[PDB]
Every structure is written in C-alpha cells, then in structure tokens.
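Undergrad: Read off the chains here:
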Amino acid sequence: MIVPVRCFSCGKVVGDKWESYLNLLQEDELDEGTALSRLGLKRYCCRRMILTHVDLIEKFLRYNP
Amino acid sequence: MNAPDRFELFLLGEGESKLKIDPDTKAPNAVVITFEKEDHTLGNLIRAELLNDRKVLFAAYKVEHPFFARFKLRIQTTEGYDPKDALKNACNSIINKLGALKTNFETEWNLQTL
Amino acid sequence: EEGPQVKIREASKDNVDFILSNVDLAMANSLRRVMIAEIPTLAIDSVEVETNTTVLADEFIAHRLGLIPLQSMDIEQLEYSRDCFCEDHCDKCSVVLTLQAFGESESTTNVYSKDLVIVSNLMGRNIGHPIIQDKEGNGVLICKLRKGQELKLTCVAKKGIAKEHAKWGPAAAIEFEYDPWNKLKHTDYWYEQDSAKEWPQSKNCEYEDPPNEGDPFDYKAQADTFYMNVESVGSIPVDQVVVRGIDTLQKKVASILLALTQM
Amino acid sequence: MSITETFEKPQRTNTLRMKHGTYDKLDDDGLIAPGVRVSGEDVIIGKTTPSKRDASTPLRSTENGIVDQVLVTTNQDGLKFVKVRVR
Amino acid sequence: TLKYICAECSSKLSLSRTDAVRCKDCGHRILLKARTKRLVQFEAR
Ligand SMILES: [Zn+2]
Ligand SMILES: [Zn+2]
Ligand SMILES: [Zn+2]
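Residue numbers (the working numbering), protein chains in the order written: chain A, 1 to 65; chain B, 1 to 114; chain C, 1 to 263; chain D, 1 to 87; chain E, 1 to 45.
What the hints contain is simulated information worked out from the structure, not anything from laboratory work.
C-beta atoms are modelled at their ideal positions from N, C-alpha and C, and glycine is treated no differently.
Hints are supplied without guarantee of correctness; some may be wrong.
For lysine to any residue, the following SDA-like pairs were computed, each having C-alpha atoms within a straight-line distance of at most 25 Å [what the hints assert, rightly or not]:
1) D/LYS47 x D/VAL82
2) D/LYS80 x E/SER11
3) B/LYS88 x B/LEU11
4) E/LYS37 x D/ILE3
5) E/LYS37 x C/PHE176
6) D/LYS52 x D/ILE3
Some residues of chain C that are not near chain D, with every Cβ distance over 10 Å (derived) [as the list claims (entries may be wrong)]:
7) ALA57
8) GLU59
9) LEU122
10) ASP188
11) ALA196
12) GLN222
13) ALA223
Computed Cβ-Cβ distance ranges for the label pairs, DEER-style [claimed, not checked]:
14) B/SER17 x A/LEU51: 46 to 52 Å
15) C/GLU175 x D/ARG60: 43 to 49 Å
16) D/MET1 x E/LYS24: 31 to 37 Å
17) D/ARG85 x C/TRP190: 32 to 38 Å
18) C/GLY3 x A/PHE60: 21 to 27 Å
19) B/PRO4 x C/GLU104: 42 to 48 Å
20) B/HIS40 x C/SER105: 35 to 41 Å
21) A/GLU29 x E/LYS24: 48 to 54 Å
22) C/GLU50 x B/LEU111: 34 to 40 Å
23) B/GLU106 x C/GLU150: 45 to 51 Å
24) E/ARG22 x C/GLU104: 28 to 34 Å
25) D/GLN69 x C/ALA223: 44 to 50 Å
26) C/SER107 x D/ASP77: 44 to 50 Å
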C-alpha cells in the first residue's frame, strides 16, 4: 500500500525516500537507476524495495468513505 | 499458535540454568556443557579460543536443533588440567581480547574526520 | 595495543568502513553477529488506537510504527519492562509517544514520524526522539490521509533486541570479507574458461599483495585481517554499533564466568 | 404466523439451548462491534428462535482476528440482514 | 454516542426496533455498526 518503512532484506530505512525518489523523476527528470543511487540505495536489495513498490494507497484515498 | 515466544531465545525459562556441566564417560578428563539460551555466537567463539590452548585435547560445539536455543560444548584436556578451568581460561582470554579491540577502535575512531 | 587491531578507512554518521586484523575468524564473526542481533535499542512495541479512519488497518499501521527508528543513544539508562518493578510500563522502562493527525486540507495530508510526540518523561536521557535524516526533517512516511479521515494513536517504546524482532536492530548490513585474493583457498571458483578472467576483483585486492606464480600453497596461513563496514540505521551513532557490539559480546562471556563461579 | 427470530444477546430461559463460545463480546443488539478482538469459538452473531432456542453464529474454530465491519441491511422481502467481516 | 453509521451520508444514526433500516434523507437501507470505545491494543510486531 505504502512505502515499506524498511528494506525487507537488510533493514535500511527506506520509508523516508519515496517522495524524494518521486521528485527525482518528475522535477529533475532523472532515471530510476541514477535516481536510486543518488538516494543512497546502493545494494540491490534496497533498490528493489523502491523501484518495485506500488503506491496503491493513492487509489484508496480516492474513495469517499 | 505453535510458535514459542521469541524471548525464549535469550531468556532462561524457569528451572533452567545457564550451564549444565556433565562428565563424559566415553573419554577421561572430558566434560559436556549445555549452554541454555545461547547459539553460534558464543559457541564457535568459546570453541575457537578453547582450541588455542595446547593443554586442551578436544573442543567442539553443536546446536542439535535450530528450533531450540542451546548448544553443547565438549571439552577434553590433559591430565591435571580441569576442563572447567580451560573454559574459564578460554573466557578471560576472550574477554581481554575484546577489551583490547574495543579500545583500539575508540582510538582510531577519534583520529577520523567526520 | 597488541591484539585485535582496528584501522578505519572511511567513517561517517552512517558507515564505519574498517579493517580488523590480528583476530580469529570466529571473533570477527561473533562480533559481526552481535552487531546484527543483540544490541539493545528502543522501538515502539505497543500501539493503542483511539481512532483510525485511515485507509490502512490498525495492525498495518502498528507494524510500521515499530519499524520507525527511535533515538536510543542513552538506552542503557533505560530498563527492559520485564525487569522493571512496575506494573506494565513506567518512565523507568519505557517512553510513550502520540500521533494525532486529521486530514484538514483537501490535498492529501501526509503523516510522518516527526509528527510523533513524546508524552512521558525522558528524565534527562536522550531517548525516544524519532530519528530523522532526510533533507526536510519529515522522517518516515507512516500514513496518508484524505480530507475528513483521522488517526488518533498512542504508542509505547520499550527496550528490545534484534533476536526478538528486527525492529530493535541497530545495524543495516555488514559488509564482511577476507583473503580477497583466494590464498587460503577457502573457496573454489566456478568458471567456464578462466577463473581469474570471469570473477571481478573486489575492493580489498588493492590492500593486499597478489600471490606469486611459483610460490607453493601457504598451508599454515590462518584467517586474520577482515574487511568490514558497519551501517547504522540511526537509533545509534555508527561508531557505537561497533563499540557496543564488542561490549554486549563481552558481557556475554562474562555472564558465563559468573555461572561457573556461582555454580 | 407470530414466529420470528431476533438478533439479541441470549441468556438461557426455558430452553437454555446455546453453545460454549462466550457471548460477552456481543452488544445487546446481538452483534459484536468493530474494533473488538475475537477468537476461539466466540459468538459473532446472536440470534434466537421461539421460548429461546439458540440460533447464533460462532467464529470459525481455527480462526481469530478483529471485527472489521458489521453491516445491517434489508432484503427485497424486507428481511433484516447482517454481515460481520472479521480481519 | 452513536450505535450505527450510514453507508453514505456518514451521519451517526441510532434507532430502536420498528424503525426499519434507513437514515435521515439518505434512505440508504445499509448502515454500519460503528467502532467500539473499548480501545484495542496492538503488538508493534
Ligand atoms: Zn537492502
Ligand atoms: Zn516500569
Ligand atoms: Zn443516510
């Protein structure tokens, strides 16, 4: 639903890099690969955490009650 | 439901001691210690150091089943040398080593910029 | 100082790249493990929910809250509820926090760990402050609220360890290596044509001397010199993870000498 | 004719027909309410049939969660409907 | 207080027997049971 708080495999805190990562794409027009390394996500376990997440909450919020 | 509480990996339940020492009958000067609420962290360690002792004839450890937190340590030593002592020794010998290491670290830590 | 010797390469608020030398592989490992499993830390361990009209579930939210790293700098000056002589939780063994958020604006209202508020009395010890490291002091994104939705919560941080749950873990990963040049021949390299040409040469190959063609196998060499690097999650200053690592491992062997003794 | 059923906490009377699971989690309207944590064979829906033959729904034996939503409705025949969703 | 909520108008209804099953203006024959005040505790695990 939402950015997991931490990387399943190692623990890295990642629940604080979703908005950044999102901006690093739109407003800076970077690519996910470069975007991720610039967020400090160097090892692929943490990378997949963000690169793969699906923000379904944004769709839930569209429901009235 | 079947899963035991996680604290049971480091918390001695009732009636349990941290150690159970036993005399091995198969060989002389040998003992078998049952460490409760401990795993490979302390096993391979006390084992490894127990090996640097030359008057130690045998030292091995094993956790029979990954489910339960407890390992067995068998120590055999030359006559006159009590295994119990070798453990004590293997311990102190370890506790020191870690003290030294601790220091050297806090030392190099300061000399760093950031 | 004769014995296990450190030799830091890099260092910062998150990583501590270093080189352990003059130590048995075992100790290098036990220390490696402890940093991962047994360093005490504060973490939300109980959530009371007064109101949640969010899009998530209580247990869902409650789960994240426990994953939110909390200030554990003076953790030793706090006790485990299980030992504390109080009934349940008191200021001697816990830290209470609050989270109240209301989707006021029409745009999507975000909820972060910065919005957590301590309500107990820290009695002077730095402890319980939600850790923050992002360029905008927001912290972890706990939830998202639409206009009209609400989230009234009450948590209770407590002292815990990784063995009990990964939320209490101070470490994030722990690079670990030795004999970057396979001289001890601890591993046998798989290959199609060339072992050497197919396997990348790791960082630490620069810090060591490549074996020489004709040199016979060094059958007496042991494994000393370990190239680690600890990464803190924030609940504790990096330098500390290592430090306290060596410590907890130290108190362990000690709790054992005291067993033989009182035995 | 003059024989229905009612959703309300049953408490034994000239029939006593009930079951093990406790009803202490039901409200007097005969339905637990969201937020309440259930388990065992706890009674989720209390229904009676006439003086009082118990006709209530107990939670699935091997299950246990928290009530996520209770919905009360009506059919096309004007029947009182109840749907308890447990999370 | 409130014993029930409404499928849509959110209005906190609450009526006795013979009151059928509707609401005020939003005759939605649905209605939700409203949460409890007996605060639920959670394990942060
Ligand atoms: Zn990772
Ligand atoms: Zn207390
Ligand atoms: Zn209505």
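Undergrad: Against each hint, give a clear statement of whether it holds in the structure.
TA: Hint check results:
1. D/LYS47 x D/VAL82: 11 Å, holds
2. D/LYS80 x E/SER11: 21 Å, holds
3. B/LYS88 x B/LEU11: Roughly 23 Å separates the two Cα atoms, so the pair holds.
4. E/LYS37 x D/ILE3: Violated, at roughly 35 Å.
5. E/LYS37 x C/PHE176: 52 Å, violated
6. D/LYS52 x D/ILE3: Given pair D/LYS52, D/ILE3 holds - Cα atoms ~11 Å apart, limit 25 Å.
7. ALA57: Non-interface label on C/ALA57 violated, nearest chain D Cβ at 6 Å vs cutoff 10 Å.
8. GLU59: 8 Å, violated
9. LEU122: Per Cβ check, C/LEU122 is outside 10 Å of chain D; nearest 31 Å; holds.
10. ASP188: Correct as stated: the minimum Cβ-Cβ distance to chain D is 49 Å, above 10 Å.
11. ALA196: 57 Å, holds
12. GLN222: The assertion about C/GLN222 holds, with a minimum of 54 Å to chain D.
13. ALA223: 50 Å, holds
14. B/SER17 x A/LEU51: 46 to 52 Å: Because 50 Å falls inside the window, the suggested range holds.
15. C/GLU175 x D/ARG60: 43 to 49 Å: 48 Å, holds
16. D/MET1 x E/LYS24: 31 to 37 Å: 34 Å, holds
17. D/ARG85 x C/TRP190: 32 to 38 Å: 53 Å, violated
18. C/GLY3 x A/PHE60: 21 to 27 Å: At roughly 58 Å between Cβ atoms, A/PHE60 and C/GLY3 fall outside 21 to 27 Å, so the hint is violated.
19. B/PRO4 x C/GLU104: 42 to 48 Å: 46 Å, holds
20. B/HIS40 x C/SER105: 35 to 41 Å: With Cβ atoms ~53 Å apart, the hint is violated.
21. A/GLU29 x E/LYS24: 48 to 54 Å: Given range 48 to 54 Å: holds, Cβ gap about 52 Å.
22. C/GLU50 x B/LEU111: 34 to 40 Å: 51 Å Cβ-Cβ, so the 34 to 40 Å window is violated.
23. B/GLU106 x C/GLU150: 45 to 51 Å: Given about 48 Å between the Cβ atoms, the range holds.
24. E/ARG22 x C/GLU104: 28 to 34 Å: Roughly 31 Å apart at Cβ, these two residues keep to the hinted range, so it holds.
25. D/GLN69 x C/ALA223: 44 to 50 Å: 59 Å, violated
26. C/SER107 x D/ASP77: 44 to 50 Å: At 46 Å between Cβs, range holds.
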